[PDB]
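Student: If you want the building blocks of each chain, they are given just below.
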Amino acid sequence: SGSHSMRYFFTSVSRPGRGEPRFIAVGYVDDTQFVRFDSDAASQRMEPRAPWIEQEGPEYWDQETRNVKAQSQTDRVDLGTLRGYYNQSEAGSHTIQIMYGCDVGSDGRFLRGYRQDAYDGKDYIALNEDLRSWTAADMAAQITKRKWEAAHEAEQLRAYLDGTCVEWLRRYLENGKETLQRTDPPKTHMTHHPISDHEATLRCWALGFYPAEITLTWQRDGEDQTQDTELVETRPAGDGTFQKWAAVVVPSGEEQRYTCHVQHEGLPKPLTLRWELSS
Amino acid sequence: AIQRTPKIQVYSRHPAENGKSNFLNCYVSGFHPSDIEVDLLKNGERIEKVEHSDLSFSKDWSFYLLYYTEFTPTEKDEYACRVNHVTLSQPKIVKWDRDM
Amino acid sequence: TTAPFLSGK
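Protein chains in written order, with the entry's author numbering: chain A, 0 to 278; chain B, 20 to 119; chain C, 1 to 9.
A portion of the hints provided could be inaccurate.
[Stated by the list, open to error] Label-pair restraints from in silico Cβ distances:
#1 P4/C x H191/A: 42 to 48 Å
#2 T106/B x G1/A: 38 to 44 Å
#3 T225/A x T106/B: 25 to 31 Å
#4 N62/B x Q141/A: 26 to 32 Å
#5 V76/A x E94/B: 52 to 58 Å
#6 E70/B x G107/A: 34 to 40 Å
#7 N62/B x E198/A: 29 to 35 Å
#8 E89/B x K176/A: 39 to 45 Å
#9 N62/B x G265/A: 35 to 41 Å
#10 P110/B x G1/A: 43 to 49 Å
#11 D223/A x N41/B: 32 to 38 Å
Calculated directly from the structure, the hints in this document are not laboratory data.
All residues carry an ideal CB built from backbone N, CA and C; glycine is no exception.
Full structure from sequences and hints, please.
Tutor: Okay, here's the thing in structure tokens:
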């Protein structure tokens, strides 16, 4: 509830006979982007995306550039290797995705570390919660799991996920404490849109909230509506805040039967919204 | 191998008030593979000077992107988002609807 | 900061 996270996301996309793969890396503290690398950008450097990281010195940018450029060269090999494992041709575009990070509690103590890899939009291999073993998703990926077990990659990575990652997360949170400790609860409201003379869409809104996790439910007379609810995916406002809505189509005159329940870390009490007609 | 169709949302950063500057958002998510074309449109015509977020992805591995640009709403002007992806027969246009 | 490289898959 006062817990935080540091995550890096990598995507490598092979370009058949058109040069090197498109590589894009992003790091995040909670839901705030703070670094970026894009193999097609001008700088060819890891670049800052949050003011509180701008402060880091030229050796920090030098080391993050070298490590992220390397990560992409190891993703470029892996695309060729995984093409071999899944017996695919050299003609098609393929994708590797990687995500890794750690979480701390409100007092800065390690909670969790993770690393998850994917090939063409499906699970390939992931590190287990214990941080000392792997789970492969199929028999191709079990080959990777044997290399990494041989080289004891889990134990080097554990030292980062439960050590280095936690110390740098704790620093970024201290260095960025203006930006990062702010929780914004949702500004909620309800709108009403007749479909016809006899029905209308009720839409329950949640606006300007941070961080992105939220729940929106529709109850009719205290019973859930999970089947007739239209839910949209949570979305960025573009100012660092998030938005979502949910809708139910209801018979005209029955609006006051329906409730929209809103849950967010910021909110003291879960909000209950009702469309109340004239008095 | 697996192909997933974009979910397209078109909306303003702040609630729309005629004459006051704002940002126009096109959020595309749930898609695979990552190659995608997104254009914001005013009255049927492409807007240049349109920015986007850095490619990231969700827990299910599907991609998401935010395209945005500064604008001022007016009753007369009509805004849309135009998306092309391998999963779509033709480019999908979604219209900016003021309640959003 | 980014994590140290893993060896090839």
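Student: None of the hints should be skipped; say for each whether it holds.
Tutor: Cross-check of the supplied hints:
1. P4/C x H191/A: 42 to 48 Å: 55 Å, violated
2. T106/B x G1/A: 38 to 44 Å: For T106/B and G1/A the Cβ distance comes to about 41 Å; the hint holds.
3. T225/A x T106/B: 25 to 31 Å: Between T225/A and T106/B, where Cβ atoms are some 27 Å apart, the hint holds.
4. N62/B x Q141/A: 26 to 32 Å: Because 56 Å falls outside the window, the suggested range is violated.
5. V76/A x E94/B: 52 to 58 Å: 56 Å, holds
6. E70/B x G107/A: 34 to 40 Å: The hinted range 34 to 40 Å holds for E70/B and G107/A, with Cβ atoms some 35 Å apart.
7. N62/B x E198/A: 29 to 35 Å: 32 Å, holds
8. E89/B x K176/A: 39 to 45 Å: 30 Å, violated
9. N62/B x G265/A: 35 to 41 Å: 39 Å, holds
10. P110/B x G1/A: 43 to 49 Å: Since the Cβ atoms of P110/B and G1/A sit about 45 Å apart, the hinted range of 43 to 49 Å holds.
11. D223/A x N41/B: 32 to 38 Å: 35 Å, holds
Taken one by one, the earlier hints fail for this structure at numbers 1, 4, 8, listed in ascending order.
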